[PDB]
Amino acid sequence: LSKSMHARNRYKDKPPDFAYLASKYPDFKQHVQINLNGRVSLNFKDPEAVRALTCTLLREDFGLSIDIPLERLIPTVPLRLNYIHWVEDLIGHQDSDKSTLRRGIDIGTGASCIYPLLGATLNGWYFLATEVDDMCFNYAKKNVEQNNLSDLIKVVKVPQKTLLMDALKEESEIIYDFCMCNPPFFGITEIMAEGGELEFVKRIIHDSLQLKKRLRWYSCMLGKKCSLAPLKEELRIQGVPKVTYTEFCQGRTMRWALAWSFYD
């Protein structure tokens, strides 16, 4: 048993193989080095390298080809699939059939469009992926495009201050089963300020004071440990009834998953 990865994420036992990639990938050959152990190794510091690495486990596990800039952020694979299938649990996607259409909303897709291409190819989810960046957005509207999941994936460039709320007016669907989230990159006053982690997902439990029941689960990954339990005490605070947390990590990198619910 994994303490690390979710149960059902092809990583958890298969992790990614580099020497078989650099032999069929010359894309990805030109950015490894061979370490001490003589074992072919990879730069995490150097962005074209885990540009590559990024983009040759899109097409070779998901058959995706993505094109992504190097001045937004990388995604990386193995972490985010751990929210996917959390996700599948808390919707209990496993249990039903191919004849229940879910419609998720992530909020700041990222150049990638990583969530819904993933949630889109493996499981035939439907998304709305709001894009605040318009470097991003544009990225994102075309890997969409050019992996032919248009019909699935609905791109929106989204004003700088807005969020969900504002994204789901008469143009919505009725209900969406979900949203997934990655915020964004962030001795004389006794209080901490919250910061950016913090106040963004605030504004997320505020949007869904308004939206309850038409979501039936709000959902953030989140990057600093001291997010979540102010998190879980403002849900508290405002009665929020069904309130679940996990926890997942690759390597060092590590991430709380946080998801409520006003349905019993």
The other form holds:
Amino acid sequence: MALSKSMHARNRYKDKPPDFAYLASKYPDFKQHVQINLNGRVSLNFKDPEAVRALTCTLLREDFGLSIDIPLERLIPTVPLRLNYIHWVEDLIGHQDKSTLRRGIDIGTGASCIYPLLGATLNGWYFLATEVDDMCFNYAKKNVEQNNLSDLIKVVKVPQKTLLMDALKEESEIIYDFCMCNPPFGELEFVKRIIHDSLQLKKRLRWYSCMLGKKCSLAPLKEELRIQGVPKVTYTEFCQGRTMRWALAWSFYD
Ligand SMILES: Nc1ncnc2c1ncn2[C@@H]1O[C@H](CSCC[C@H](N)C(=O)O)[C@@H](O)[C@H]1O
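Could you drop in the structure for the form deposited with S-adenosyl-L-homocysteine bound? We only have the form deposited without S-adenosyl-L-homocysteine so far.
Let's see the whole complex now, leading with the same chain.
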């Protein structure tokens, strides 16, 4: 499948994208990173990671009420793009209500802990955040605690060679609804490790998903899943102008 306006229909920033002028007038700690371009427009220098951090932290504060602390030394996520994936998963696990508790896994949560944070806020989803990087693990366990989401999000430091399988030994939950992953920059080799772990977990997770960075990666993975005889295999492409990612998910369910 593929979504109109190249991004998910339920995305906040599809109809109402970020307004630099507005955010500068509200958050004077963001006003410092914004500069007036030639066209008179209020613009952020996307090269400066401190500027980009200021935007991402402000959009979380402004639109989700999330106050996060993230280091420059680590990846700065781009709020609207990550949000498409949150909505795609919503669609996959057939969102719809108050007594229907849905639980997922985030393979590589990052310093931000962006997916579990959005996910637990927007929908109240229980998450199992995994991390190999200590710095990332420290900041994520911190952002979760400071937004009092300690109850829904369970951040866990994990060994290097370990993925999905190994992580589901603490805690012991029978059925997980989804698992999202944003592979770090071979890419194909990573999702292949996810595919394999999914072959042994099968119906224990309703949906296994992966946000890809390269379109070339879709063709072999689509073929791998097909060779392994995976019943449902779904894919889409998201967008944020210059940026473009390819989310792919697969289920063993009829
Ligand atoms: N085998 C593995 N298991 C768990 N986490 C891993 C891992 N390999 C890498 N990671 C971690 O996963 C992260 C990938 S970056 C994805 C971060 C986040 N979801 C975002 O979009 O902001 C890194 O912080 C890295 O330390």
